[PDB]
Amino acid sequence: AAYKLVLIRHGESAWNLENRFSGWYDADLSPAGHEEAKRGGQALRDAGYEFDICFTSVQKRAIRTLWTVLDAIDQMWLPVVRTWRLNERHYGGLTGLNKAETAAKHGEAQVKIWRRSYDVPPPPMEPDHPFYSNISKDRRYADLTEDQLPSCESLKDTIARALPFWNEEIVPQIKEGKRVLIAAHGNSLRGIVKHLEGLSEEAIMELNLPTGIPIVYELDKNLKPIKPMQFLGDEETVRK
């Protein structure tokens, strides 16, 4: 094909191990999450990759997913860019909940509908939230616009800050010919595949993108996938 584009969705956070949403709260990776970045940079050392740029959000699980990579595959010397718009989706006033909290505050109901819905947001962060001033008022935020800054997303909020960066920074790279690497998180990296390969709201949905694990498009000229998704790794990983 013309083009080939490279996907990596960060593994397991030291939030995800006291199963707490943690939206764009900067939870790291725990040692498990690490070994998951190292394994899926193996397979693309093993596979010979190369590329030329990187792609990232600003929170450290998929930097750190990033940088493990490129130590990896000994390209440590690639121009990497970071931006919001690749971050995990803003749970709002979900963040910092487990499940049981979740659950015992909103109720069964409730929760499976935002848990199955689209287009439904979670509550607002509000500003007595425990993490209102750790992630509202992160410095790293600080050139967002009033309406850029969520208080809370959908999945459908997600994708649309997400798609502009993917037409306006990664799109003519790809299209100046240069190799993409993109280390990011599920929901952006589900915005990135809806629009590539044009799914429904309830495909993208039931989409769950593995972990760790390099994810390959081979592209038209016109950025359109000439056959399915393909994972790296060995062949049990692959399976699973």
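Positions refer to the first chain, counted from 1. Rigid core (definition): largest C-alpha set, two forms, superposition within 1.5 Å. First, how it differs from the form deposited in another entry.
- Looking at CA displacements between the two forms with the core superposed, a shift of 2 Å or more is confined, among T83, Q75, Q110, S117, to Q110.
- With the core held fixed, the Cα of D220 is displaced between the two forms by less than 2 Å.
- For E126, a C-alpha deviation of 2 angstroms or more is recorded between the two forms after rigid-core alignment.
- Taking 2 Å as the criterion, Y25 does not count as shifted between the two forms: its C-alpha moves by less than this amount when the rigid core is aligned.
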Given for the second form:
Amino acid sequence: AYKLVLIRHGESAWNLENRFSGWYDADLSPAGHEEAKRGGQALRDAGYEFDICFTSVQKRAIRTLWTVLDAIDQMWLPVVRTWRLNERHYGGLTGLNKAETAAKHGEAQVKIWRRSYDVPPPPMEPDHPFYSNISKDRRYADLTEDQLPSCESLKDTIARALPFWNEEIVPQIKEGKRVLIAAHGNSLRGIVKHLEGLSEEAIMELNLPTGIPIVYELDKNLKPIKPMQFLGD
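We have the form deposited in one PDB entry; now please give the form deposited in another entry.
The next block holds one chain only.
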């Protein structure tokens, strides 16, 4: 029975998790860092070992991972980064709070964007402060013209995240390698949705705790044997 571990990063700087931090490359706040420390410690005490790690190309996730590997004394592990495990690209909404968002786009569009699974937010306009910051960052230089997102619904994020899981992670697991994924709420959501066969409703309703190792026991077809387990107290 394969063991799989996930972990969502915690709090980002300047309250950005509550401001559609999206593809903006926010660092952890000291608190989010400490949360990663607790997660690390929990993993250390349970005596978990991994053989390979996956993460996004966003620094908050990466730092969460570094913190974990440090805590569990497994810094020598192979690590693979990918935009495919990135947070949702919240487009034009990026950096904005609820109020700012509604003021810019109206209550209607806004509540639609909240309640939906497959309706994207509007894309970054040239006057948006994160415009070139994100869309011209060389970390996405390899992406095709039709592959570089400008805005993503939950469904989009999940769609660009699933093939990486399929092509890159699933092979490691079948070979018996113990996998740690350090990522983001929505991409992790992609994975959990695939694993437990949840509906759109269900997935939008689920909030994965931050900073806490999430454990899965998987059968030979990679299907969960139990509900997800948390490590700590």
